[PDB]
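Encoded as structure tokens, the following chain is the form solved without the named molecule, with no partner shown.
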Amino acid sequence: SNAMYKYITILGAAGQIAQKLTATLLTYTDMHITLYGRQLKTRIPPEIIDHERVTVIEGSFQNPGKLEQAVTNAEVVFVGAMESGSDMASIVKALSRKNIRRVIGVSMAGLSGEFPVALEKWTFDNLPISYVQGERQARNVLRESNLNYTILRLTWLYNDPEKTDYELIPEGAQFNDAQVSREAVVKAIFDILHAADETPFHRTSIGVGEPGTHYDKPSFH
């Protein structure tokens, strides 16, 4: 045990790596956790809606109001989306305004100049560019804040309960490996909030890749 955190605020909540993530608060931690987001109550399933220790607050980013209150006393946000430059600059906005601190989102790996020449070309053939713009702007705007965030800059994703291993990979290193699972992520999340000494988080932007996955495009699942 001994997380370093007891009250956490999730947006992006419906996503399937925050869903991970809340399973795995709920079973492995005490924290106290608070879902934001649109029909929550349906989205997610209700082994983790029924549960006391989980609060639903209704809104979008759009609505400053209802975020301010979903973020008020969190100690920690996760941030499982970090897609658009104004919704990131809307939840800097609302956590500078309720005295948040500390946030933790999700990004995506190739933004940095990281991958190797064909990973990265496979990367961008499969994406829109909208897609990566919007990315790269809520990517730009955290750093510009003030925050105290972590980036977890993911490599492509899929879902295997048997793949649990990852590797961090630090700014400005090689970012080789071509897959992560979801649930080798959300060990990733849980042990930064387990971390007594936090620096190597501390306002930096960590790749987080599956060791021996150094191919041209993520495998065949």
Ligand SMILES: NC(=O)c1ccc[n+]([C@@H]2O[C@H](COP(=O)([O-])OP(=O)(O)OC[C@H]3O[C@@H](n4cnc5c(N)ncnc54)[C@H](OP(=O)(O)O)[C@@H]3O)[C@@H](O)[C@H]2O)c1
Given for the second form:
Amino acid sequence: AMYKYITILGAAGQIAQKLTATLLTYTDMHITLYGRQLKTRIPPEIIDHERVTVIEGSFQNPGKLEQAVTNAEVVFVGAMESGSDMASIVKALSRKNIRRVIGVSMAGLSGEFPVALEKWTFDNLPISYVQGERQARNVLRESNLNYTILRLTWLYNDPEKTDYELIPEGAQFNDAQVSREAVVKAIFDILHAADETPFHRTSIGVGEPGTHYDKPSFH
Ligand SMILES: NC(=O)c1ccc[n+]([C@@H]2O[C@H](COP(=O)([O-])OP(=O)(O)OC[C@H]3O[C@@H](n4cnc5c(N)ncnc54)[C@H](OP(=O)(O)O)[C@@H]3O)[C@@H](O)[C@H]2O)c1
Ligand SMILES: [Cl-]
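What about the form deposited with the named molecule bound, after the form solved without the named molecule?
Now the full complex is given, and it begins with the chain already shown.
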């Protein structure tokens, strides 16, 4: 990896948990997991791993967040749903002068989906969720962070489908879906990128190739 110490914020999330297992199996990274009630949620083989540290708390707990990112070289933000939560995280990172962040957001906010997929997508999301995501993004942009935003299309689970393509900012986003396992691979690959340039304060889409559909199929 390009980093040794990573803090995963929102560590019980589906992508976060899969990322955790992948980083334990395939790297020598030291991982700090943060989120609500982790000790009674995260599997025992993860909690008891020598390279795992577990801290319980919410994105609105300044002291605990700061503890969680104290020794981080990179921070993964597992949800970007709330401006207020994003602000709390940015403030904690600022207090410890942590700079490198990878965050996951929803694709489509900027009109990048083609018309039918865009229509289906917004028919299937509350306005409040969408505008929350847009606000979280704005907060991250205002920060001093060397961030990468991953704009994810519709998610599903399939260990056999780990192919992904990155979609540059402003490009038409034609992929209607992507597996969580493929997103984990994309995160793994960015964490191993010798050249961070294309990921430096950029917003990149992640989609499954060949899923040019009018709606996600989730399989
Ligand atoms: N569903 C889709 O198709 C889709 C597509 C694109 C993007 N996304 C979004 O991309 C993100 C990652 O996907 P995912 O499948 O891994 O979602 P996920 O399972 O819901 O994981 C998100 C995690 O963030 C945690 N979290 C959010 N706010 C928090 C707070 N204030 N304090 C502590 N923890 C907090 C949640 O904790 P708790 O479990 O304790 O509530 C949850 O475990 C999510 O934000 C998701 O909504 C979803
Ligand atoms: Cl704790």
